[PDB]
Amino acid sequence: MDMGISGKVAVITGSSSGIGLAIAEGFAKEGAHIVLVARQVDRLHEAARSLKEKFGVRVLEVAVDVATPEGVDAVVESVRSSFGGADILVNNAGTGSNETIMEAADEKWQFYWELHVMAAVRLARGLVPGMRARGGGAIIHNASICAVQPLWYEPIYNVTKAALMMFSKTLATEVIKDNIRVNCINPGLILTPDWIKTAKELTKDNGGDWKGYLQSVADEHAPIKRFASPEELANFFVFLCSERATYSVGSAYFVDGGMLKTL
């Protein structure tokens, strides 16, 4: 299936490693030019070169913090000057949380709000004009299964991911007149660096069986009884941003291997 993505400009946040990078690799395969946005400068270099060397696409690096207005502003200016504008926006930047409502500081609630919601909000305000002028395009929000099905230990992640999911929906109705399709992807258990590292830290005192630990999490939560590869998830982002998905508007697509327990 021809995705019709060749030559398009895709800006992806949280893309120095893990899910963000695999999504960027997915677009590169389809001939998309890629704007990588992340905090980690060195990992950004790693990623950009790897994309160039494997796929031969153009890659622009924007090493900023999207949780701040200044950082978002830098992104939009790098995009404007290099390519004119973007055709594809993927809001992937974010991190899990770990707390109780009773003991977490106000500053932390604020932080995730800035990261998960305000970043998508600011990047939309910033990039939509250029996108509007280029004839339209696609925006994707990577929320989480937690936006609908909260995990007990991360209330702030749950709350702010639900806010993101709703934002996606409201944005969708605002910009569709501009031929801009806005959708939302809710991944389940995705085998990331973060997951492996927390598997290392939690088993260091009981024998370091990290694959055994991961397997029991998957057995507990997912009927398919495995984590997904970031590459598997990536496939869905690419297809939803393609000219093969032209009727997808304001929807929430789950990629969770059965983990969602509700209709």
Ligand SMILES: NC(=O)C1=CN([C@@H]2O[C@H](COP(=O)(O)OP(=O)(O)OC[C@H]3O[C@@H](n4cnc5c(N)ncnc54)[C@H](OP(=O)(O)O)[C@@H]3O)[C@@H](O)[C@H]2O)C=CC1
Contents of the next structure:
4 protein chains.
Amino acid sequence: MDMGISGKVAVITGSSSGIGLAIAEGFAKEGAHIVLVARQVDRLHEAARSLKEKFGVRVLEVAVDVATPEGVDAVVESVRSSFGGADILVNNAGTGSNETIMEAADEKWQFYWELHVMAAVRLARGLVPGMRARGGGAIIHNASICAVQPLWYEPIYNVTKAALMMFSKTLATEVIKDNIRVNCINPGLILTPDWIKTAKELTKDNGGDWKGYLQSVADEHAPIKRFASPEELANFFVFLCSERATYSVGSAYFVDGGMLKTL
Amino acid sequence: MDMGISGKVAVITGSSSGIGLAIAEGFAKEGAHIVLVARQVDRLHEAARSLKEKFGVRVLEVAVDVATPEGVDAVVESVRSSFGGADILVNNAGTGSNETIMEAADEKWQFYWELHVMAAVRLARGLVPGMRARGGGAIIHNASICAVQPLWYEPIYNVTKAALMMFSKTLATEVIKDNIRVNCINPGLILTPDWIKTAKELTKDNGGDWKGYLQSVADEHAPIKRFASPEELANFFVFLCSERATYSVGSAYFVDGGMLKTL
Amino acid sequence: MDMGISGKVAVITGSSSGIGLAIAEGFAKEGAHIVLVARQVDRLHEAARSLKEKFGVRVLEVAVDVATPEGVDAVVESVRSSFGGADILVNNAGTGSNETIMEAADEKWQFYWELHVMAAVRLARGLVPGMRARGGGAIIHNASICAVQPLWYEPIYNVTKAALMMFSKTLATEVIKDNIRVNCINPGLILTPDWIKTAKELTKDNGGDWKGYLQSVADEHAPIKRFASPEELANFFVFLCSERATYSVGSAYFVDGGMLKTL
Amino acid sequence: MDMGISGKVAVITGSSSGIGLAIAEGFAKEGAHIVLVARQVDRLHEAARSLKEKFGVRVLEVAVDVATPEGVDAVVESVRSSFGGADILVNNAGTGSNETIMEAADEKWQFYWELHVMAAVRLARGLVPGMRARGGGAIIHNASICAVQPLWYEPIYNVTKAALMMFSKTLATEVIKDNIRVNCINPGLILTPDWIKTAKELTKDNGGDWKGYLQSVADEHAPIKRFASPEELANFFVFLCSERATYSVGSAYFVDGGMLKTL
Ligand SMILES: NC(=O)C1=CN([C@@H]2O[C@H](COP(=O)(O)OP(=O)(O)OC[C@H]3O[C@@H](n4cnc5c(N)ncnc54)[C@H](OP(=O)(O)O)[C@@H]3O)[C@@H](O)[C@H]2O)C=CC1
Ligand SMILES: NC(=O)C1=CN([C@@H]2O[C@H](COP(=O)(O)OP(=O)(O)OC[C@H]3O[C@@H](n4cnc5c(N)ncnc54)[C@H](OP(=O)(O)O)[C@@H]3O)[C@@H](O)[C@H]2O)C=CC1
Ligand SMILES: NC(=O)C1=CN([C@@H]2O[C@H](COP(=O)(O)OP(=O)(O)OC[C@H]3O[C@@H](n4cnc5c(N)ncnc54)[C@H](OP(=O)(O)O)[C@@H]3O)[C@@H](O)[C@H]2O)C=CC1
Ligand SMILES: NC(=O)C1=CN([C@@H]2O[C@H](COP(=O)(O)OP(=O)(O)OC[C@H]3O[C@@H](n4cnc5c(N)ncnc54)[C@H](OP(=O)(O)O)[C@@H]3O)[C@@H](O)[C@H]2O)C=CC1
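Cool, the form solved without the named molecule is there; where's the form solved in complex with the named molecule?
Starting with the chain above, the whole complex follows.
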């Protein structure tokens, strides 16, 4: 199936590893030029190198904290200088939480609000005008199954991802007049490095069988009884931002292996 | 993006015209063999001929009423004998309604229950064993946006489509152990023959401006302010049934131009 | 808080035991006259006597199958005969299922369709006219948490209850012009006879700790870690049918001790 | 119906006028003592006098900004000093927004986050321990129908009310172990002074018929074709915080005259 995004410019936040890198490889595979965004400079250089070598597309690196207005303004200025504007924006930067409401500090709340919601708000403000000038585009928000089905141990994550899923919906209605399609993707269990680090930490005193720990997670949560690969998730991001998904507007698409328990 | 379904067997109910035909064309393009199912045999021939002539695939026609157990049995036996079993089943046969709860006959409720729900129950019972034996597969239920956001004039449609959406999710959990992935797609406004028929009928005594009538429907209901083409929609069905959507299980995916008013 | 329903006529289907009898007692307490509806004549006669004797309200018994048109007709005609019309209607008759989609007979699908969906359809058709003539009224559909969050073992129950929940909403918009407010209640785990019966059955060969079994069910499904009593749930049915809930139209209200896993 | 809250202490934020004052009167009518919280000292002082005279319960005034940590600490301190703790907490303080995402300043996103979400986080942290110590209680969050069905003109409101609804759910699962029941209420159109102010402003130049403007709003959005009264809404607040709603946990209850367009 032709995706029709050859030569389009795709900005992916949090794209030096895990889901965000797999997303960047999937767009690169389809001929899209890539803007990679993350904090660690070295991992970012590796990712760019590998994308260029494997896929022969242009890759720009922006090494900034997207949870800050300065960081966002640098992404916007770098995209403008190198490419003129973006055709695709994937908001993927984000991270799990771990607290009780009774004990969490206000600053922790603030931090996930800036990272999960304010980054998407500021990137929409900064990139929509260029995308509009280029004739339209696609914006995706990677929220989470937690945005609707909260996990008990991460209330701040649940709340901020919930806010992000609403944000995506409100942006979709505001920019569709610009021929800009906005949608949300809500992933289930996706096997990424932090899951492995967590599985090892939690099994350190009972045998170290981190793979069995992950298998029990999938057994308890997903009818599919396994985690997804980042690559299988990325496919959906690429599809939704392609010329083949032109009637998707303001929707939330779950990619979750049966984990959502309700209709 | 490679779909990986070349040479797979796709059964599409309601595929002699409109959306079902566009879906069959989308699968045929990707090299899938096609079983077309509809009642009227004239249009089934014309569609089948056009698919073989345009895409070079095998097409089996089954002219039956899928709202009957005998019709479904015929489809199951045609697939078994011609192909062994199906890899893909798309439940698409269905039709709008138009009544009030206070006036509609019990027999009309029963008609839509058979067509929208029991056809899918019976096809799953009949085709899942062969699909299992082939190593897995994909099943899609075309419900509608109305399965969650009911349109005032068609309560029977709304109820039976809601029931269909729940069926899809329950079948999803039952059969994922067989590597069979079941999902639902909920389309918004899709420009099909019946819409154009209706527009022309509703404007016959006031100017015959059927295009104007369709445009006001779009403006009323969809932020994108147009209907989808059946081809735009077909893409989603093709993607969901492909080797690129292998983590989609028990989900309901809206394709609606913004029409869904809630999160 | 005054419910303002003294002297009103409440029809409760499935009201010789369990949740239905608790709902009838809740209405009786507030001085409503009661139409009790259930199949077993003596259980119904006994429920009627005890309501009349505890609460001093009028009680009419209609011993019929509400899953049949003739049974619904008998209810409508006894209401008309004894009271003129109903002010309140609670669709409560229903029962659990237990099957796989691969194995269940079409006839079983049919039975649950008749009992969960068509009874409410036919009772709305039969009772709305008299309710309208009395100046308005309230109708409730007792669906289930399973209407949105399906239980693995009872797909027919899940599909038919989801259908009921949609019916409730579509009826809501049709009859609000008559000052009739229709809403749905979705209960979680409610301790009824069948629950205790099932706990005793499933523990007959392992120790007969039926209390242990129910506790584990509650522990698995509900954050509050107990079943509701039928009387706790009844309060909500009485409130929603009262002069204090005059802005509730077309809603679904969960009463589930935390069991719903999503927003 | 006995609510069983006579002598309990209910804290209501934003209760010097509108919905919060109606809720405070509703608890008062039921014999609950009242903690009134709002910024404007004058309106608060008189709302307090008028409640005591009219209902003969105790009334504590706390004139603070609950969007600030200092404001919340003053509430918690004054409740501790005057009553020991609270039995009931209603988070009601909040206000509409009005902007585009493209134009809104970061400061404005921040203000709505503090007011609609952080007020509830901070009041949960400050009041739950006293509520726990009293044997349990009830907490309500007044979010909005906009939490799931966004209004085009107030993206910040839609996003922060969505976050508040998720917060309510995450809190409910955390504190149910303390015998504290947390739920959310999502009102539709409720006739409060800002609606009237708005209807006048927007009719200033076309005839001044502010009532007909409100009627056109109700006609467009609500099948019941009128706004609710604050007193109408308040009944559901008092019910949910009463001893008659003991199985309601982590639910979202809409009170919206049919406004919600989906199931
Ligand atoms: N894994 C899972 O099971 C699921 C994940 N998700 C969502 O997917 C998204 C990606 O998660 P995943 O791939 O697991 O996470 P990883 O931790 O593997 O990847 C995070 C990426 O984002 C970058 N990043 C983190 N914070 C910032 C920041 N402030 N500014 C710029 N870049 C940042 C990281 O690089 P660096 O540290 O150098 O900044 C890294 O490239 C997240 O939004 C997550 O919530 C949703 C559902 C499930
Ligand atoms: N068009 C739209 O805006 C939307 C449509 N949908 C759904 O899409 C699906 C396809 O509809 P659409 O393309 O619009 O409609 P069409 O009328 O254009 O297509 C209906 C197809 O179903 C066949 N059909 C109808 N009843 C039966 C039956 N009992 N047995 C076998 N085939 C049958 C028809 O052929 P024949 O009569 O010859 O049997 C025809 O091929 C339906 O389920 C509809 O509810 C969902 C959302 C929006
Ligand atoms: N119990 C629970 O945990 C939950 C229950 N529900 C729903 O609550 C409702 C009542 O359930 P519950 O109290 O548990 O069940 P019970 O079996 O204890 O009560 C069911 C009532 O319905 C009557 N009934 C059943 N079939 C018919 C029929 N065809 N015609 C007329 N009356 C009938 C029964 O009497 P008779 O047999 O004499 O006809 C009985 O009085 C049902 O809709 C159920 O689906 C929803 C969620 C949870
Ligand atoms: N009216 C409607 O149609 C709907 C309203 N709602 C929600 O209902 C709630 C009540 O709104 P409504 O009654 O309409 O609004 P009003 O503006 O009429 O009342 C707001 C009350 O809250 C107080 N308040 C506002 N901000 C603060 C603050 N920062 N700290 C302390 N008190 C504050 C106000 O007093 P003061 O200004 O002196 O501080 C006033 O007493 C809100 O949460 C709103 O979002 C939900 C759905 C619909």
